[PDB]
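> What follows is the residue order along each chain.
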Amino acid sequence: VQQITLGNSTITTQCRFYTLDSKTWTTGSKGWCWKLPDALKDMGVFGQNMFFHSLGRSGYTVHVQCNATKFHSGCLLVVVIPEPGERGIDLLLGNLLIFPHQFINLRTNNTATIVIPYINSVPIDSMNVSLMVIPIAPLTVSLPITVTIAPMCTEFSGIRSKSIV
Amino acid sequence: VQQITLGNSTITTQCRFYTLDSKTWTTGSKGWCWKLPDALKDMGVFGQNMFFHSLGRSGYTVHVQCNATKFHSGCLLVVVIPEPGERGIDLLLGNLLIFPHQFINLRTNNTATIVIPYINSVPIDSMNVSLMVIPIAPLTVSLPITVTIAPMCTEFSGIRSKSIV
Amino acid sequence: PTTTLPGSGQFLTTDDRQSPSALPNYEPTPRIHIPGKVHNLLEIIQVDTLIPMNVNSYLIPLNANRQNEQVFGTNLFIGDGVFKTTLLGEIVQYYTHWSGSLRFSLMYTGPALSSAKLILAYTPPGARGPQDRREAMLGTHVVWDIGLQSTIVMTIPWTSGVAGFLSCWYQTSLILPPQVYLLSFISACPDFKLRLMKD
Amino acid sequence: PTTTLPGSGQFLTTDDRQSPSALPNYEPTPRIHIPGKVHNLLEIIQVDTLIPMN
Amino acid sequence: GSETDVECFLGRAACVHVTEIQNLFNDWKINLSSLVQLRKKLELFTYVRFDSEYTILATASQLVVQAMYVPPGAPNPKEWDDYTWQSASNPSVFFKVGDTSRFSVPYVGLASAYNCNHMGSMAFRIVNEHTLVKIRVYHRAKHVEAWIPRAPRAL
Amino acid sequence: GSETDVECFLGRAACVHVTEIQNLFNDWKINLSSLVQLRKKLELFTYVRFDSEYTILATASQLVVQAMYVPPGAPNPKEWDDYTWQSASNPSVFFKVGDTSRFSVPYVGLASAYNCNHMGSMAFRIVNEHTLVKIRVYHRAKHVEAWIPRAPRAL
Numbered sequence: 013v014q015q016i017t018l019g020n021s022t023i024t025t026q061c062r063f064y065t066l067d068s069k070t071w072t073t074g075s076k077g078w079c080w081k082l083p084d085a086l087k088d089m090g091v092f093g094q095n096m097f098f099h100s101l102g103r104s105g106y107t108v109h110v111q112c113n114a115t116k117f118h119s120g121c122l123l124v125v126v127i128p129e149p150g151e152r153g154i155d156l177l178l179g180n181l182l183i184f185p186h187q188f189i190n191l192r193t194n195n196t197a198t199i200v201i202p203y204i205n206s207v208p209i210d211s212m217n218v219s220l221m222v223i224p225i226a227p228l229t230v237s238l239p240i241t242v243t244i245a246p247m248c249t250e251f252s253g254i255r256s257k258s259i260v
Numbered sequence: 013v014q015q016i017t018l019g020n021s022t023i024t025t026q061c062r063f064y065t066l067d068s069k070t071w072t073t074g075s076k077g078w079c080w081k082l083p084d085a086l087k088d089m090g091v092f093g094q095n096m097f098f099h100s101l102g103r104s105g106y107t108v109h110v111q112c113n114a115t116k117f118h119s120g121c122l123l124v125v126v127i128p129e149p150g151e152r153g154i155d156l177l178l179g180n181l182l183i184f185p186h187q188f189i190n191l192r193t194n195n196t197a198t199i200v201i202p203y204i205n206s207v208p209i210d211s212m217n218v219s220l221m222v223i224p225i226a227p228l229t230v237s238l239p240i241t242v243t244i245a246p247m248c249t250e251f252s253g254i255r256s257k258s259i260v
Numbered sequence: 003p004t005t006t007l008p009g010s011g012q013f014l015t016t017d018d019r020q021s022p023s024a025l026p027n028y029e030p031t032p033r034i035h036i037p038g039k040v041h042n043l044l045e046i047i048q049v050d051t052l053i054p055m056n064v065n066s067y068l069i070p071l072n073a074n075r076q077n078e079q080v081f082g083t084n085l086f087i088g089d090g091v092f093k094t095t096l097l098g099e100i101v102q103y104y105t106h107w108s109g110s111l112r113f114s115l116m117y118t119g120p121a122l123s124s125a126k127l128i129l130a131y132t133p134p135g136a137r138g139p140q141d142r143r144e145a146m147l148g149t150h151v152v153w154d155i156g157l158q159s160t161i162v163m164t165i166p167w168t169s170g171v184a185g186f187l188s189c190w191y192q193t194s195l196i197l198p199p204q205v206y207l208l209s210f211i212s213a214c215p216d217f218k219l220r221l222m223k224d
Numbered sequence: 003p004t005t006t007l008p009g010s011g012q013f014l015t016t017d018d019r020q021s022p023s024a025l026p027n028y029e030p031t032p033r034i035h036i037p038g039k040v041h042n043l044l045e046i047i048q049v050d051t052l053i054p055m056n
Numbered sequence: 062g063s064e065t066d067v068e069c070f071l072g073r074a075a076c077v078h079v080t081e082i083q084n098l099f100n101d102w103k104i105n106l107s108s109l110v111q112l113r114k115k116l117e118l119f120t121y122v123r124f125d126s127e128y129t130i131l132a133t134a135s136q146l147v148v149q150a151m152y153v154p155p156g157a158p159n160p161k162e163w164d165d166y167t168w169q170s171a172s173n174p175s176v177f178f179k180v181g182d183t184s185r186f187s188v189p190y191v192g193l194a195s196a197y198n199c219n220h221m222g223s224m225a226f227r228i229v230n231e232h237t238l239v240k241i242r243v244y245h246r247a248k249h250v251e252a253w254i255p256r257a258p259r260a261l
Numbered sequence: 062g063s064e065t066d067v068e069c070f071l072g073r074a075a076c077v078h079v080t081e082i083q084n098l099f100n101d102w103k104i105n106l107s108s109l110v111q112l113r114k115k116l117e118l119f120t121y122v123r124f125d126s127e128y129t130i131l132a133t134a135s136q146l147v148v149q150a151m152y153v154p155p156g157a158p159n160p161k162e163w164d165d166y167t168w169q170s171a172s173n174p175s176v177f178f179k180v181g182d183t184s185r186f187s188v189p190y191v192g193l194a195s196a197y198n199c219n220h221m222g223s224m225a226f227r228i229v230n231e232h237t238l239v240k241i242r243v244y245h246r247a248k249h250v251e252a253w254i255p256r257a258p259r260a261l
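Chains as they are written, first to last, in PDB author numbering: chain 2, 13 to 26, 61 to 129, 149 to 156, 177 to 212, 217 to 230, 237 to 260; chain 2', 13 to 26, 61 to 129, 149 to 156, 177 to 212, 217 to 230, 237 to 260; chain 3, 3 to 56, 64 to 171, 184 to 199, 204 to 224; chain 3', 3 to 56; chain 1, 62 to 84, 98 to 136, 146 to 199, 219 to 232, 237 to 261; chain 1', 62 to 84, 98 to 136, 146 to 199, 219 to 232, 237 to 261. A prime marks a further copy of an entry chain.
So here's chain 2 without its partners, still in its complex pose:
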């Protein structure tokens, strides 16, 4: 309903949820770009398995939220594009809608959710896609943006566990 709980994490909207540092969307800001799984290499238990196992395979569930009133104007474009750490990068656009995207128009909504499957040309690889958030219509009244990434359906290699017998 409105309290999705996974492990020791709990999120509100209308294998755990990792909530990244809140970005400040100012009126003269250009956008942001995060690489997966690179944004989670310093994120607790996932970062332990990311550095422990050589090859891996995971899908991701990305929630982008802008806490605001119903008086702010402007629109953000949330897209994940296949092919800097947890901070990500503080940065034609019209053709980026060919990729799985969603617009956050503050007049109507304040959240956007994108489910990414494993997209690669090999079945497993050593730990592919980048989440980008672009302000298309400028912010007219700053607003904090909170990003929550939950890795789901994560699989790993038999190395570190096969016996030589």
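Since the hints were derived computationally from the structure, they do not count as laboratory data.
One or more hints might be untrue.
[Claimed, not checked] Think about it this way: if two alpha-carbon atoms lie no more than 27 Å apart in a straight line, the pair counts; the simulated BS3-like pairs of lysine-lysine are: (1) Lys248 (chain 1') to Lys93 (chain 3); (2) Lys240 (chain 1) to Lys179 (chain 1'); (3) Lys218 (chain 3) to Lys81 (chain 2); (4) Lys81 (chain 2') to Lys39 (chain 3'); (5) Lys81 (chain 2') to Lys114 (chain 1); (6) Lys93 (chain 3) to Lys115 (chain 1'); (7) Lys39 (chain 3) to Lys248 (chain 1'); (8) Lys240 (chain 1) to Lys115 (chain 1'); (9) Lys218 (chain 3) to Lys114 (chain 1'); (10) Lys161 (chain 1') to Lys240 (chain 1').
Could you slot chains 2', 3, 3', 1 and 1' onto chain 2? The hints should help.
The following block gives chains 2', 3, 3', 1 and 1' in isolation, referenced to the frame of chain 2:
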């Protein structure tokens, strides 16, 4: 029988009938030529739909009549050839009989009727054929010639009426 | 026992022929299930993409105290002007004949307290574009109230223009709370064809 | 295993042969019903035409 | 009466264009009306639809010739080494001088038949680097269809 | 709509490399991105898998040419008379100058599809002992498959 009525029009012989200006067939006259639908671009309601809709498709029924006594001599060749306004043009002939034609020999008859279907290389086009009236045997005793064109089975485009919804 | 006919030993670039393999008995790397396999280009021009009608180049600006005026106006030539860089026009520039229906959409990005009434007039090819709000409503149009519905979709009929106009007018002025922008999108209906591939 | 006979590589203008298409997979503009299709010239010489006897 | 069918009357190989190149190139707007014997048979019908069949004979006098078919609406070459000669969308045929090329082009008209008309263009160049070569193109109408017979031209 | 299939859109013969040898040799790293018209169609998809089909035209100006296909990971020639030209593991084709060679190479990638990439190399020499020969290679993609459509390049 002898009073074909279509809409507010009525014609005598043995979607409406448009009766063009009566031509005076003198003994030293050469013939006449009318283009379709160009002869009807200034003709009332057809001229409204001709200028309103871009693409169209219509067949035509052409009656050519020479009011005269049974003492006049001479013969007219009424032919419609595929490929100037309502007035038309005041102008080898032996090979023009390959086209749908009819001769008006005043000794026997005084009327000729030709039904033309839509003849074009595309199913609809922006508003093709020409009615020509040639005196073959000269007029021996002038005689008025009245031409009545009735467009029938007229169809038009969905533009001007499709909603963007 | 045969006789060779004319056009033997010919080099047709468009002649699709089966061939001897240079690495016979070689087993290639097997095919795995990668998502989003595209079998036809008619699947990707169907996606709505922004039109650079003016980052500010994609935003159509609106301003207060304007009634019976025009917001924007465009021709529908999908090979030049505002459609030249969109994904639809980038793939249409690969063929000579398109022949299909289009999907034009609009999206308002202003505050929730703002409201305005816009008339979106479509003039078909061969006719003259509207020059007043009265001529625009007297043609094909939709009365779009920005106050209730923040996003509208209008499907342009199948044209095969190888184009008509599409304009927007302020019925009432934009009432702002004490500039805002429109975002327009373009794609093709599922009836869209494409023929004679060129370079 | 074949042997080429005389008259191979010949250019007969009257020799009706099937051929490779230069625009393969191209769908041509479809055929519509136009009236008066003429399949044979024996249909058009059957029409009476004037004789320039004078 | 098998000689009066439009399949037998119009469907026979005639020479529509004869040019001569040097080792630079020659382009040709396709016009079946270039030959007055074929024009006089074609002006007998108002509308006509047929697939094409092109046979090309190249002869030397004192090598490989590229015969490029430009479809309707595509650009023709201005020089013998333009990018259009290297374009994948223009089907082009490579054969030796003294030999013959032969191919068929489907109905490329925009209406359902031609009205007596841009059928495309033929571009010809000699592929070898740094002889007088004559190129003769022979056209054959196939699966011919005609409508609305017209009066023959007299003058 | 048969012209929009990826089987018809990408699978047509383009010229990817044109060189000129003397009687010494020329090698080429296979890059379909060498032709900007084919690169602009290939950068429309993220991953793509296709078998190859190579057609080679050799023309003289003032003989037999060996067209050797080097697979991915095998060594290329440094001189025209190296041991690699005599190696049984590199499939090589011998045909006459003025004529044409034609063969097909299967999918040699290491992943399940190419990511926009070493496809091997082509090595060319003239077999005769002690003329300017131009070698033109034409590539045709067959049984094409593509995934994850990308935005077209604008700049």
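> Check each numbered hint from earlier against the structure, then list the numbers of those it violates in ascending order.
1, 3 and 8
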